[PDB]
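Listed below, chain by chain, are the residues.
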Amino acid sequence: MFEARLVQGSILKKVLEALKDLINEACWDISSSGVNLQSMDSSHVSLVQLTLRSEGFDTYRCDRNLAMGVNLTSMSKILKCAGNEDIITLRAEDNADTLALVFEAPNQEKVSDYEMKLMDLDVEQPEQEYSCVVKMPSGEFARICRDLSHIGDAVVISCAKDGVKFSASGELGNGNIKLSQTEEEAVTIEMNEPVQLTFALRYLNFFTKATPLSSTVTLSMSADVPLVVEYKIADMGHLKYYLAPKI
Amino acid sequence: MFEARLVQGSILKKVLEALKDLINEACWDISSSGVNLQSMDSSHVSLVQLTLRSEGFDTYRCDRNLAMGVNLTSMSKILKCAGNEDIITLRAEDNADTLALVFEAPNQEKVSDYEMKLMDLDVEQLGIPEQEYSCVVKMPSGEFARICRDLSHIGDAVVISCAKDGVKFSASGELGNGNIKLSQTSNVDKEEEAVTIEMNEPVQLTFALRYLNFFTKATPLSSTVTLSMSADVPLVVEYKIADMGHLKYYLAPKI
Amino acid sequence: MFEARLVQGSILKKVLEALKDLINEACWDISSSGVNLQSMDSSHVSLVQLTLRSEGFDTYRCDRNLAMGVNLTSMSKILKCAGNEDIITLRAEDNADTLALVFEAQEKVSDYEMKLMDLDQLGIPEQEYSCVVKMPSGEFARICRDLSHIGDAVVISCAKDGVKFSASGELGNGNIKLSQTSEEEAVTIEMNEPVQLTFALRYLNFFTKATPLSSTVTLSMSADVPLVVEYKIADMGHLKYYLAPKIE
Amino acid sequence: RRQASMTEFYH
Amino acid sequence: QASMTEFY
Amino acid sequence: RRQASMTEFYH
Numbered sequence: 001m002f003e004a005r006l007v008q009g010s011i012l013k014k015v016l017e018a019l020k021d022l023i024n025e026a027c028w029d030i031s032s033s034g035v036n037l038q039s040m041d042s043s044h045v046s047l048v049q050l051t052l053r054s055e056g057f058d059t060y061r062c063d064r065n066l067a068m069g070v071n072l073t074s075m076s077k078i079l080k081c082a083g084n085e086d087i088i089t090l091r092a093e094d095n096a097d098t099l100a101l102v103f104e105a106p107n108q109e110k111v112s113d114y115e116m117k118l119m120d121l122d123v124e125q126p127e128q129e130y131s132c133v134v135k136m137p138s139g140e141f142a143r144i145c146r147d148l149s150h151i152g153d154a155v156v157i158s159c160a161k162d163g164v165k166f167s168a169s170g171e172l173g174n175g176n177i178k179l180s181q182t183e184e185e186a187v188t189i190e191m192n193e194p195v196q197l198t199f200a201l202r203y204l205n206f207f208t209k210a211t212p213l214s215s216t217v218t219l220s221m222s223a224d225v226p227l228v229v230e231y232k233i234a235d236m237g238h239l240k241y242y243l244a245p246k247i
Numbered sequence: 001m002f003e004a005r006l007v008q009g010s011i012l013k014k015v016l017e018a019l020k021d022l023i024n025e026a027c028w029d030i031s032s033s034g035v036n037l038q039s040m041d042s043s044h045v046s047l048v049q050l051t052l053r054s055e056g057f058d059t060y061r062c063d064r065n066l067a068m069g070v071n072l073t074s075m076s077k078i079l080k081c082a083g084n085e086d087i088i089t090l091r092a093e094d095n096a097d098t099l100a101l102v103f104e105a106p107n108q109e110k111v112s113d114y115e116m117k118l119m120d121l122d123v124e125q126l127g128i129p130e131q132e133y134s135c136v137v138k139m140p141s142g143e144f145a146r147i148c149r150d151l152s153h154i155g156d157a158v159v160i161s162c163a164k165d166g167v168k169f170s171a172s173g174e175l176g177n178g179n180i181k182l183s184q185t186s187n188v189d190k191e192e193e194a195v196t197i198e199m200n201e202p203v204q205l206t207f208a209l210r211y212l213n214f215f216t217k218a219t220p221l222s223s224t225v226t227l228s229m230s231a232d233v234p235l236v237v238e239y240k241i242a243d244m245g246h247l248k249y250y251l252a253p254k255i
Numbered sequence: 001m002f003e004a005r006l007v008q009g010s011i012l013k014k015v016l017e018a019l020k021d022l023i024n025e026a027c028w029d030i031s032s033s034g035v036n037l038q039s040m041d042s043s044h045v046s047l048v049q050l051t052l053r054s055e056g057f058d059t060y061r062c063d064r065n066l067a068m069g070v071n072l073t074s075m076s077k078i079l080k081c082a083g084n085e086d087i088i089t090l091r092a093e094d095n096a097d098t099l100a101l102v103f104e105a106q107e108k109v110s111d112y113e114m115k116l117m118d119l120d121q122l123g124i125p126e127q128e129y130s131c132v133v134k135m136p137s138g139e140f141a142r143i144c145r146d147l148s149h150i151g152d153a154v155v156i157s158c159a160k161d162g163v164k165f166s167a168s169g170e171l172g173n174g175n176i177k178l179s180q181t182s183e184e185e186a187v188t189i190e191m192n193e194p195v196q197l198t199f200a201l202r203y204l205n206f207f208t209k210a211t212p213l214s215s216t217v218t219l220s221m222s223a224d225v226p227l228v229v230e231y232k233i234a235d236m237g238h239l240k241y242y243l244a245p246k247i248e
Numbered sequence: 001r002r003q004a005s006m007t008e009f010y011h
Numbered sequence: 001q002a003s004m005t006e007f008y
Numbered sequence: 001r002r003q004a005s006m007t008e009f010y011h
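In order, the protein sequence lines correspond to chains D, A, C, G, H and W. Per the numbering used here, the first sequence starts with residue 1, numbered consecutively. Per the numbering used here, the second sequence starts with residue 1, numbered consecutively. Per the numbering used here, the third sequence starts with residue 1, numbered consecutively. Per the numbering used here, the fourth sequence starts with residue 1, numbered consecutively. Per the numbering used here, the fifth sequence starts with residue 1, numbered consecutively. Per the numbering used here, the sixth sequence starts with residue 1, numbered consecutively.
For reference, chain D alone in the conformation it holds in the complex:
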């Protein structure tokens, strides 16, 4: 059996709001260390990697390792039936067709319990050091991507020790945003060697749906390899987006 009890159900809600639009079905790897998810989008352009530590759950139990095939859209609809202050408990048997969700509403005066059908999915499957790493406010990054979406299709991210630059171009003109280095409102840069890559704003605007998960976001960049957009899930783990560059 697998039984995880999380008092901050809002985390779960936000996570699925952050994943449902980029990937529709994903395989949940359940292990003694926690719940991991790793899936590529349908177009094979970005990769999503979610890590939820077992120690971040208020109670955790996992007899054998599990691979739950979850349709993320359905689980998103069901989690819409959970209040932000609800205590959410996931529970699934080993030879289970279904995953059970329990919403224990704050006021021990309401208890919802839903049952979701699973699918036969089967699993898919390294950490690096990057030339340039930018730590900046998450809402700021979301704003930048959304605004440059009005200007062009792709954003050119240039990373140096004196700031980070996003640039876009389109038929009505072009734009350049420069963020200079300056605790949760700060922009700090760790630079190994300068970088410059180009990415599709569509996918970044998919990634920024995870903004309610963290006040800060980090971008890891290296020449000719995918970009890493990382949102720390406080006390629980992290949510990572990998975007292949344009070449």
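In short, the hints are calculated from the structure, not lab data. Be careful, since some hints might not be right.
Unchecked claim - Calculated pairs, DSS-like style, for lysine-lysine (alpha carbon to alpha carbon, straight line, at most 30 Å):
id, chain 1, residue 1, chain 2, residue 2
1, C, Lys177, A, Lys80
2, D, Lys165, C, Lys13
3, C, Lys246, A, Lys80
4, D, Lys232, C, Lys108
5, A, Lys20, A, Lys240
6, C, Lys77, A, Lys117
7, C, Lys77, D, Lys246
8, A, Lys110, C, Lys160
9, D, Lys165, C, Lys108
Add chains A, C, G, H and W to chain D, keeping to what the hints say.
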């Protein structure tokens, strides 16, 4: 002649927001005791019954009985032109193809006056007898709205099961199934957050979530709502219009 | 070489939000005295006149006079990328195909470059009006917005005891009466003779997009000439709308 | 599960 | 509707 | 500028 003056005009506004989407044309019965409305939706599945007592109006006057045929969408449009703290005065002659509405603003520097055309509408009334229901649930109105809209994500119909310890709503659909369980409450902060159950014998019925989601547009009228249930008979969802009257919805069960 | 620096960049944002839906391309007149705009909508029913004097800018510079053919929708998209507290700088060279905008934040500096078009000055006099109404802008917006649900046109009747807006349609008719009061919640009237005209509510609801620019709006009413709906851009200038009356 | 009308109860 | 072009 | 896939890198 008929002239009614209501200081809390927002009430009227809310009443129309609760009806315009469910019934398009309705006949308002004006009499010495107040304003009454009773209409079925176009599909003949739900019945709506509005009661506004004459003693709830600040000033009230009704010489002869009236049957004003109102197009509720138009009257809703006119009431959207009134502030929430406006004093609203309805006035209509004995024949009159029109109903006059007067919006007085708190300032007293602004006075709107609208004139609405009426319809020739048959007073065609159902006969709803007063009854005793096996199970009656008093609960917060916003909670009931949240439940119905949530279960709409799961299925078409909600199974309301009513027992002495609480009420349970259940839904089923192609993506799964869900159960919400509300228990009786051993006191909250205030009265309106409580869930109380009056049961003579247990009940369990099935209703269309679409019509309930229509009913919950009356939520700004009352902080609490009650569901009255008896085997094989329609459900009654009642919202109290404090000091004035009530708005009632009747929903026929499924098969 | 033209360079204007405005610390209250929000003004620019609001201005373009009031214009992009009514006129798509307009010609900006740049001179030593400031920036002026005058354009008719595509249907040739209303006239827009914008005045931003050089003294409202914290820095102003204008070597040669300019006639910038600007697509207002594109410039609106670019200005949506600026924060409300941003310092906005417009700058254009003499033989420039483009207009440069600089958004300074809080160490963030954005810089955009917009392409201009080759665009080809109606006679606006200076008159005195029989009836002039000063009223809250949000009230006027609310009135036009409400009466739009009743009819196509609003009849503005202007007498010494107040202004009355009236509409009629197939579901009925309505009358809103504003009486003078005894500062920006006030309704004041300067009257030489009573007026009463009819205007299309569609265009007035276009005009009320300038509401975030000023707490008050003024309606100057003709005799049988266009109505003037004026929003003062405090300390900088004004935005004026001219609407021809309805003689059916 | 079909839908019963209101015209069957109250009339 | 009268035009603006008829005034100036 | 085309778009490279994720399947070329981590594959």
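Hint check:
Among the hinted pairs, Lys177 of chain C with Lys80 of chain A is consistent with the structure: their alpha-carbon atoms are about 17 Å apart, no more than 30 Å. In summary, the hint linking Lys165 of chain D to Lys13 of chain C is supported, as the alpha carbons are separated by about 24 Å, within the 30 Å threshold. Restraint check: the Cα-Cα separation between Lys246 of chain C and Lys80 of chain A comes to about 27 Å, which is no more than 30 Å; the hinted pair holds. As the CA atoms of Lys232 of chain D and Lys108 of chain C are separated by approximately 24 Å, the hinted pair is consistent with the 30 Å bound.
Between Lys20 of chain A and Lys240 of chain A, the direct Cα distance comes to roughly 19 Å. Compliance with the 30 Å bound is thereby established for this hinted pair. Restraint check: the Cα-Cα separation between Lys77 of chain C and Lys117 of chain A comes to about 45 Å, which exceeds 30 Å; the hinted pair is violated. Taking the CA atoms of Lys77 of chain C and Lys246 of chain D, the gap is about 25 Å. The hint holds against a cut of 30 Å. Using a Cα cut-off of 30 Å, the hinted pair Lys110 of chain A and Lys160 of chain C holds, with the two alpha carbons roughly 15 Å apart.
Between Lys165 of chain D and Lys108 of chain C the CA atoms are separated by roughly 10 Å; this keeps the pair inside 30 Å, and the hint holds.
The structure shown violates just one earlier hint, number 6.
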